[PDB]
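> Please work from the sequences and hints to get the whole structure.
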Amino acid sequence: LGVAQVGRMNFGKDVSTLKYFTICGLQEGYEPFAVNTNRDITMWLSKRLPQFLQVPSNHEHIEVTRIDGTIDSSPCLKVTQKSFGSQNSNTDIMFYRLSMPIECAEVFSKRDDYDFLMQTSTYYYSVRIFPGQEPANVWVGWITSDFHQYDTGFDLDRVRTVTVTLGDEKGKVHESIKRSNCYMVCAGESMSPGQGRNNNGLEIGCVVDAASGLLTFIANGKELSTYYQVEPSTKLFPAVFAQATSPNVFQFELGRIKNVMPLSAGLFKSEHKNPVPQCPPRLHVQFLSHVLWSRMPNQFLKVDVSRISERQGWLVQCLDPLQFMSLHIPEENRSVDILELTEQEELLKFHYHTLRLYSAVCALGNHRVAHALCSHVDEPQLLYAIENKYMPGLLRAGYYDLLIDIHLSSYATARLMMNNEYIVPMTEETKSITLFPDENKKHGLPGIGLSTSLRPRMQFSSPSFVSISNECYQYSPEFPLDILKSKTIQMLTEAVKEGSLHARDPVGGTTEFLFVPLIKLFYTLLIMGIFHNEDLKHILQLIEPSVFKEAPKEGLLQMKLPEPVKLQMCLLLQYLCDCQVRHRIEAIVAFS
Amino acid sequence: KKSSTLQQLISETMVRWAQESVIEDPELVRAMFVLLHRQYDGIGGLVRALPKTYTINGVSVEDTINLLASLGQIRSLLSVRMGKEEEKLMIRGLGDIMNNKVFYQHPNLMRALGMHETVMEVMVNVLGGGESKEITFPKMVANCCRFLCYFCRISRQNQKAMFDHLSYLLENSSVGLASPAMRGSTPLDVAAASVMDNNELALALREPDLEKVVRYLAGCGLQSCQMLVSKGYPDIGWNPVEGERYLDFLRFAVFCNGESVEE
Amino acid sequence: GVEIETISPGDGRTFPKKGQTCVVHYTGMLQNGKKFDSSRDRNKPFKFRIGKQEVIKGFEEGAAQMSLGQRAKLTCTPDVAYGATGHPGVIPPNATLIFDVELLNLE
Amino acid sequence: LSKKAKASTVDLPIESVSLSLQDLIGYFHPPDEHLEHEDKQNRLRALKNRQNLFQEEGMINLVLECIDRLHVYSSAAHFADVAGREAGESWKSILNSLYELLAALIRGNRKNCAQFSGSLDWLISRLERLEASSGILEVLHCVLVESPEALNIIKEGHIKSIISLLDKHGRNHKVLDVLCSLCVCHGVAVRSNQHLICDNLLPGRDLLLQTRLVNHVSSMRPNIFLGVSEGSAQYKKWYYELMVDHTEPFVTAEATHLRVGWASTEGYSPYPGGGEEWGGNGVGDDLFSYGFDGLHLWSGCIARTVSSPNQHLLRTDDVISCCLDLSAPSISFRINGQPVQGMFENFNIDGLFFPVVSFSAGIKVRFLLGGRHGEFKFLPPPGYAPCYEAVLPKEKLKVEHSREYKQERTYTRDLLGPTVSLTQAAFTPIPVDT
Amino acid sequence: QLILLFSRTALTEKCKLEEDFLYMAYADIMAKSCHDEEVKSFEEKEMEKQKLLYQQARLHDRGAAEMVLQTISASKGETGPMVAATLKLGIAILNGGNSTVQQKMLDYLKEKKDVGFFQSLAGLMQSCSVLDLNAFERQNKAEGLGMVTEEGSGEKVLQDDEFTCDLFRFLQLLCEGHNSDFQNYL
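Chains as they are written, first to last, in full-length UniProt numbering: chain A, 1207 to 1316, 1414 to 1854, 1889 to 1929; chain B, 2053 to 2315; chain C, 2 to 108; chain D, 436 to 869; chain E, 3666 to 3702, 3710 to 3858.
Honestly, the hints are just simulated from the structure, not real lab data. Each residue gets a CB set at the ideal place from its N, CA and C atoms; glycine is no exception. Keep in mind that the hints are not guaranteed to be accurate.
Said to hold, decoys possible - Not the full set, but computed from the structure, chain B residues with beta-carbon under 7 Å of chain E:
no., residue
1, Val2081
2, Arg2082
3, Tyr2106
4, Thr2107
5, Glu2252
Unchecked claim - Across the chosen pairs, the derived CB separations fall in these ranges:
no., chain 1, residue 1, chain 2, residue 2, range
6, B, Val2111, E, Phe3840, 54 to 64 Å
7, B, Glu2314, A, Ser1929, 29 to 39 Å
8, C, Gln32, A, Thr1519, 23 to 33 Å
9, D, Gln457, C, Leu31, 47 to 57 Å
10, E, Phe3840, B, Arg2235, 26 to 36 Å
11, D, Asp556, B, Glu2137, 54 to 64 Å
12, B, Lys2185, C, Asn95, 36 to 46 Å
13, A, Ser1536, D, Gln457, 45 to 55 Å
14, E, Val3802, B, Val2111, 47 to 57 Å
15, C, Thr86, D, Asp556, 20 to 30 Å
16, A, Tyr1776, B, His2217, 30 to 40 Å
To be verified - No more than 30 Å apart at the CA atoms, straight line, and that leaves these computed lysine-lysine pairs for BS3-like:
no., chain 1, residue 1, chain 2, residue 2
17, E, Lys3717, D, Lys475
18, B, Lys2153, B, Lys2140
19, D, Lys603, D, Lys546
20, E, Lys3776, D, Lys546
21, D, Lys590, D, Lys609
22, E, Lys3813, E, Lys3681
23, E, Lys3828, D, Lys475
24, B, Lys2153, A, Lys1745
25, A, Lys1288, D, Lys527
26, A, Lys1605, D, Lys841
27, A, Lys1316, A, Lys1525
28, A, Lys1897, A, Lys1790
29, E, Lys3813, D, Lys475
Structure follows, in structure tokens:
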């Protein structure tokens, strides 16, 4: 879509809305794109705000090389212009930043000396503007996560700034706070001697005091007048903005100066006490780019706007709740919608394996670890992941597995372990137990009935972290079992009807992703025994309508399931047979 | 006609799946055929279940529930790596079981639940772990051995059920024989209590298992005690401490109820 | 070591006293802004007894100074909240905790 | 070479070692899956016999010695300096091939992985170096998945080194898989490993990606686009009020969102700058918006507590009056008629400004824009003009979505391209020079 | 598919033949479906022979002979219920001197060059039990002192006569009909 251009694309989810398909496109044998899709197609657009991403190895202009640090040389990252001096060379200003930020202290305090180095919080990095690179076109300093300004002409005057002045009751301004996303200086103005010197490249050094928030710059061994004071807990990314006037533009030098700690000691918490400069592989140069996609939300907040009268003005009303699940990247201080991982492969894989690790650390009844994990992944996140239809299949399976492992697996395993033993107390209701419901020798619905055999006891503990007791670390964390049961039945009812239509878009992208996690959760609940009476009737009706009808539509058993789903159905039928055997054993004990 | 029965429905579904598709998953094939065989072997389910069926009086329901909870804790400890807290939990569970009344009043339920076997696999795992470096977690091994000896003393049939596993206890008898204050709490002591004062079990006792004990006694008579010389005891050529253990086991093997089993 | 800031006013007359349970909804956050606990996530009002050392101290004095129906933010320094050792697996060592606590009912 | 003998006198069979290492990797290559069951089983039998013979001849320790001699030199350039350039280009390849050969020798062999436990401690000590990280991690994964004794001997220091590998080398799912193998092996859970991994990884919340539920926040703004520029005909003082008819403090598990104030546009475009169209971001979550939630002044996603009489979060029946002064950049608020002791000053005035409210679900608010668009409950400060006076003579004032996409049918949704600049908002008279 | 599953399980290399209840049950079902077990006329005898041939064909047309050879080979000379069921199935499919099954077994053995099969046969013969005077006298004394045996079989003497007879009947059925090929191959 061009400037001031408006368009509409119809994917033909409703064939009736297509206005020219019948006259041209239906008879020819073509199909609407959303011919038999149950839900709307996710819509992706070009992102407006530029973001910082690692420089591709195949970038036509920018080349970044990592010079390892020797005994006498600091580790260096060198940014070079590949296509300088040739046609298609890009002359505009590039914005460069490093991947990891320096995080200032939460509360501000109010021959190098080893003790000073070990007690200090001051960190340093320096930049060598190479000879022949025009220094007035190069800026060095720090930026925050808010920097998304892409301008062909960048000047320090047009940086985004705000000054919050908190005053007392009488009006005196007792405190003034200056806030900005960019804290950088120019090399052209930094050069007091000026011109080009090849004894050493123009070396602006950035000094950050994490305990005071003071940003001071040193150019060629003399401190520049420009200084910045930042807010507590500010995350500052080393950044260099430069316009290429030579094949060699600038170089990040991760060294250290007298009594000032290296950048790695602040970036990495493992190297917090290591004065030796380091450039771990995680650190890498990132650049601002427009080449990224943005995902349109499937559903937006419903807002009603209207003017009641001249007196009342305009009314804005939003009364229906809507939530999205946000994935926060810790290193970049960036958060994205978890549904955007459908097109981001590396984050999807890493998060699926993180979910696997979450399931593994609490495996086989580690109730304390499960309680700890309840903080990281909670009931609302679990329920939203379970119910959401646009969740990627891998994340869907992982979240079903995590929900089963944290809350349900311990008691499910306990009842499975006690399943093959029949300790039947001999009571009045036990005597009342009979093989058949009535004189007609017709089997009752499996599971439904009066069972008196001794069963394991269900106990759960509320995962509260303000409490200082330790008795809660036995027993699995509590979950809203009634809500889980109702939602599982509702989701199975939806899945049976929708999958039979054989839609192009199942939940998770495949029938296996749609059914295996859902049927596994249903089987876990059945094994635990939450399903009682009417729930058992409905679920058996779903499994096979004809057989389990009380004394059309096809069930799960005859809907052409994949092999993994068939294995789960076999497990369900095995459990039903086990229930019938238990009923038989109890009836024999009753007769005895 | 409609299936109208879970058995018929499952049989038809399994055969129908198998004849529609060549199943690529061996686990799926085995699950389907196990389920079909269960449908066609309804008698076998009762044959399997009835020996594991027990009826308890209404007065002991909660007490049996507590015993079952303790046994479930012990059974769940089978699937975790051995450690300090696992040792503490196992010792507490065994103590609760031994102090519980059903363990005494209903020895048949105890055998049906396979509690002695579970204690056996726990002890097997701990004995296998760190076999060369003396024995790790000696306290819970001693506790399990005491529990097992008491299980032998509870009932005669429990003694035979424990006797059925005497073979293993003999090759792992040489565990805590040298260490004092562990006497009466070793696999050799468990094996001895497995045949203590039982003519039928003494007669069923074989020749090779006696030969194994004689071999261990010969080894103790030939070579000294590495643990004792490491702790600094003077190096005499032979091992009286373990020799006496093997001798008293042979004493229990050959002498029963005041008479001598000549065989 | 605890300060109280009011989000929503209370009655200002009823305060927790000895032997009286406090029913609250809380949302705990660290200074970095990451949530770690919320009874609102659990749909489950939290009940504890004043003076029975049932919760962390900072929470205890925060609830004590709060009034009925009041919504207040509790900033609990490490000395009164989990100390230097922290909570294994949840709270990092030497962490200051921010709580959004609403005193529902005193009973 | 280590003892410093002259390079030509020392013979270093680099090419033969590399070619033999390729031959050995092919010789220990695992069978492919597409082969039939019988052929697969026979080839597994042959591989098992080969591994058993090699381990009985002690070929693992030989590989370990070669690896140690190669790690004596710290880098490819260092090795090239000590021995020569020809060994220099091949140092990395020989290390990779040796690690692959070790992995092939120990893979699937329980006895070999059990005998490699003694050397596992030496193996992890070199995990940090980049020239051997992948190979060492693969060997460690094979030993962990095969031999239970590996999990028995792995200690807290080894677990912490493996965890710090994630921090130093970045996100790698193979480290997570190795950690899962450390937790569960052959259906047996190691409680010590589980507890150590949990307590050393989870509390940081700096390596693993974090998840949370955020309420959607939508922004509504009037039609007016007011700014300041030199030699231009627009008033530099403006005033409007927002009064809340109803608000629900907790419609969900998360607190409701309700922020009011002014927002700016990047340049002369009608587009709210510095923020994303959809998400949980509202007024004051960027350096282009300036908000007030009843207790905090919001700007740049950072909040500062501002005092006010009977200070509280925005409740039902609360009047918020917003003041904007473009002569000297100043945004001030007055709650229920009494002043709020704080203001935004010295912000960017290059772009156009407009009133804006950001909200989650559970609100009921009303704009009092002055004139016939609502009557101010409180008298405007002197010199301020009601916001209804900024409407263009031909246009009609209306409150609409700040962002261009809203809730509607997908096939009826109006996809919008870039808009044209609104430089017409600032009428700067420019007669020709004479 | 069931026979192929069992054959693949047998052909997988493991240090010991694991006890599989599915195999132990379905092998018995298969053997019974084959054998299905006063004067009878010639027509009755011929019909019985034809029915037995058809019932044996239903299995050896689907890999039963190769399955029972593979299970014995993977047994590695260990006596147990697995080989007890496998030998019974082999007897069931070989009853009547089935030349087709004999040829199939010989062809499979020659093609695969299976030494483990014959090694396992030698091991099973070595592990076969005989009369035990010591056990007999011990159980006689146990009965004399009055301790009644819980099991009336008293199978300590002649441990597995059914297994021994089944093994040697299988090895005889391999050579019935004057099968010179097996007579020389054994």
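> Of the hints given before, which are not true for this structure?
As far as the earlier hints go, 3, 4, 7, 10, 11, 17, 19, 20, 22, 23, 24 and 29 are violated by this structure, in ascending order.
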